[PDB]
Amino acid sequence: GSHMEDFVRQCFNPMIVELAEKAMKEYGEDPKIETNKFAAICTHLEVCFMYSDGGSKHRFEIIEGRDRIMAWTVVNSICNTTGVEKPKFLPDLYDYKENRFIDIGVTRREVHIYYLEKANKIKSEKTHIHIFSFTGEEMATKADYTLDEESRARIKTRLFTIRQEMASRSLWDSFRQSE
């Protein structure tokens, strides 16, 4: 029974917590033990959903938060109907306006570092990358930030609020250090 576990359950909405639990079980991880990861997964879920709310109404197909098999099934429907290249790793959204997959990343470090690490890892030239930090910074493929500034600014504000709530509990240093 960690403080972090109870913190996560009061910080995030029940639907996010439940999806995060599922995600972690699917890879045999335990939200009661790997509590920093549980927090990180909830955070990544919420940001991806906030992000998808920034479009016009039918802009994005939402990939993140599906069951893994369904998620690949939908990716495949998109590849098959648009001709776009199949990614090697599950992206978070598909942008029907710009016709590209997006992978949203959230980092407790300098953005370019995580950018780079995600760029080399996906190796999907095509998949757009958009990183947010917990210090208000962002970095996106080709400096193309996809949404208007307001939709991105509120994500930055929410991440900073999570950071504060964690710091006020003395959980921040250890979450930051566990990345």
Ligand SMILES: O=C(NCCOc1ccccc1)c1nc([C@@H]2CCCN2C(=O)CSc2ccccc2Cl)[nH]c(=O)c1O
Contents of the next structure:
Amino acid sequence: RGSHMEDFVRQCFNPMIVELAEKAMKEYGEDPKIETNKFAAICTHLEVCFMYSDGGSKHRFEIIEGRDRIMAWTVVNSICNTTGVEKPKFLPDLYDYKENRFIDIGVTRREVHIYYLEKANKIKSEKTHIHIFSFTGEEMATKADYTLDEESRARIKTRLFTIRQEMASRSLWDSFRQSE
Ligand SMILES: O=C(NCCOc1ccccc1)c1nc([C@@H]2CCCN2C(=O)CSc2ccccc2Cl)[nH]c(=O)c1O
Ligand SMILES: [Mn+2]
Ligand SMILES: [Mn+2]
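Coords for the form solved in complex with this ligand, given the form deposited without this ligand:
Below, the chain from earlier opens the complete complex, with every other chain and molecule after it.
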């Protein structure tokens, strides 16, 4: 069974993002052909993480999202055993070598604070920085420290709203928004 959402994802995101999202879902035992909204969300979260890491200087961020579970944890352990930073209970998305902290990036279709509360209490790791992006152009980071300059963040917000328009143009946005 082939959904309209599945074919939209493959034409909307670059193949390296799609392949990484596919491997991500399969590693956790879900199939992109059925759980299509989830497939779209993982591609989106991946692209945002990559744009985010592109916003700093050359080698400011270590990218943890997009790796297999074991090597991701391997890099985290290396980062911790070299900077003394506390070991997060859950896999973060990046490490900021400049600010010496892990970051978990969130992309939500809800209000940015409704999702922030859940992502905070769920991680409970007081050390891991949180940066939420919404599909409506709103953002929220811990301690109002948005890490990057405004221009890098604005590019992420533009892209998120483009994805929203393209889904809505294809009548997939409603099913997507009511699926989170
Ligand atoms: O790394 C993460 N999970 C580890 C990997 O998880 C799966 C779980 C099922 C399938 C594939 C990966 C992670 N997960 C969440 C949410 C809440 C915890 C589980 N989860 C979700 O399954 C929402 S779909 C999601 C999943 C990954 C990344 C981005 C998205 Cl949006 N949000 C994040 O920002 C995030 O980085
Ligand atoms: Mn992650
Ligand atoms: Mn994340």
